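Q: One-letter residues, chain by chain:
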Amino acid sequence: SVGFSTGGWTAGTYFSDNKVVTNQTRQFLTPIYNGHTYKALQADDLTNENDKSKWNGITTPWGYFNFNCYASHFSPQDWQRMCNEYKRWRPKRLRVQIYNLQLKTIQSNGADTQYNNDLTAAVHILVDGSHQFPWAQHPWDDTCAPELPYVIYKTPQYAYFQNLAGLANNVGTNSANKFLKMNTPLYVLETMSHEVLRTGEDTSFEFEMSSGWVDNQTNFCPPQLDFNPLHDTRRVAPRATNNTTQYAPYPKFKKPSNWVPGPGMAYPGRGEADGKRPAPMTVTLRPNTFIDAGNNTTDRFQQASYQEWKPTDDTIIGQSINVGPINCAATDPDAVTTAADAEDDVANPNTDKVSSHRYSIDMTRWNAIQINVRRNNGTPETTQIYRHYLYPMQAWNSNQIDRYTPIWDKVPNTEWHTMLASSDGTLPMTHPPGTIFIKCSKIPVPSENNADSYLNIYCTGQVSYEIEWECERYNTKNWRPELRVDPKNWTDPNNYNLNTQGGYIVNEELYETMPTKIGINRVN
Amino acid sequence: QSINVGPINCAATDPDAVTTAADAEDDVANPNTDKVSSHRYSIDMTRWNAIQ
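Chains as they are written, first to last, in the entry's author numbering: chain A, 44 to 567; chain I, 362 to 413.
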């Protein structure tokens, strides 16, 4: 009833050979969002020249839970133990419980604000498990459940994309412009069946997860260098004299390999001080039936070549498609393109404060690739491949991740996709755990004039979430001891600890990395 | 050797009209530009104009 709890606090991590189970409970707060209504959100009004986008979408009264991050499921201790004791792991399933719900009215009496509970108020809880709504979740959003278990979790508001103002507009006849505008979808969560719960009710959800592995081990040997120098190779290298070729054997310590360095792009980005085109890769969209108005009413394109339309810089900035990290097996951009978790004062350099995946010592990831030719006049020349695509006989490893990395990303729903090897370290999965949407019930109050007037309320409760992790211990024949995740290298010995104000101390002087793939060697 | 390969455009949308065309007779007397069939009409957002 009203005086019975619908659950209890569940916490702690279980370790075993084949599986690890994490248990977290958070007290959460859900307010009223967006005035209980749906609104269009147009970035052209919200932005300015420093960062401009034509992004259009819908903001909703709903909010959602986000469990996607490792620091959400692992304490620094438990993350250390994962990295030290297991060669790889992946999430098998997620169980979420929402319970001990409280609905309070916010009512002002004089200057005081009084908080009384409405025992008959309800909460809307929607789970979209088949992903029929947009999936607005960017993996690096700051909306994830809090790291410390005693911190309140404010649920983020849900909003999604509709169209690009430059592409979708009223221009031309039988044009991609109107069709993008006509065909723009609208999603309202009240059109799907969902639960409504009062204080005595609770609910639960389970999600099966299929994905690739997070690999904790590193390759000490470049696959090209794994050979025995004591012996000759039968294979001979060409030597060009005049119009003929003379052959000589490769040296014992240089043996040609069948194995090609993995795909990679070393592009840092423009490095500009604005927010216009910050990513290494930007993309522009021009449907072939698109009509350019020659105004600001549409995107702008000049034809550079026959049947080629080059976007203007404003068009590139406007469509705001930013792609990164794209580096894959190239290691030069690692520090610059993977960075996160930094606030910019500009007063003090955050260069070493920022987190990035730069710390991998793996030997399958390349600085530079050189191709070698000889011209007719006898001049050898070598150039480098800065964008190197998928090619037969490539083998490589993912970059390292840390505890502040998001766990998963959603694979786009499309006909075709290539192998899912992420540069940011997420595990792409076709169906991630379904989003749990939460909304306070809309309690209307009578009004003399016609007006939308409701009762100001909010929801508080406890969310318990649990992931079962499939893991594997390592065996090695290595004689020597290996690197492990440890505090010894920290600049600041007092880290992941509390100060006298209650502040949680993380990475104040420098970013202290607790990365995967630090020490465990696998043989080629 | 007369080896001709097309359409190769795949996800690039600029060649769509020009490289996919078919079902046209050439009199040259009247323009067949709009008479010809091609797959140019997709509004899909996964296919790109340009990559920078």
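Quick caveat, the hints were computed from the structure, so don't treat them as lab data. Do not take every clue at face value.
Quick list of the computed label-pair ranges, beta carbon to beta carbon [claimed, not checked]:
no.: 1; chain 1: A; residue 1: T461; chain 2: I; residue 2: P368; range: 18 to 24 Å
no.: 2; chain 1: I; residue 1: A373; chain 2: A; residue 2: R278; range: 48 to 54 Å
no.: 3; chain 1: I; residue 1: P368; chain 2: A; residue 2: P228; range: 46 to 52 Å
no.: 4; chain 1: I; residue 1: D405; chain 2: A; residue 2: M462; range: 21 to 27 Å
Beta carbons are placed, not taken as given, at the ideal position from N, Cα and C, and that holds for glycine.
Q: Each hint needs a verdict: does it hold in this structure or not?
A: To see whether the hints hold, each was checked on the structure:
As the Cβ distance of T461 of chain A to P368 of chain I is approximately 20 Å, the hint placing it in 18 to 24 Å holds. Here the CB-CB span from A373 of chain I to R278 of chain A is close to 40 Å, at odds with the stated 48 to 54 Å. Under the hint 46 to 52 Å, the C-beta atoms of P368 of chain I and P228 of chain A, about 29 Å apart, miss the expected range. Taking the beta carbon of each, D405 of chain I and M462 of chain A are about 22 Å apart, inside 21 to 27 Å as hinted.
The structure fails to meet hints 2, 3 from the earlier list, while all remaining hints are met.
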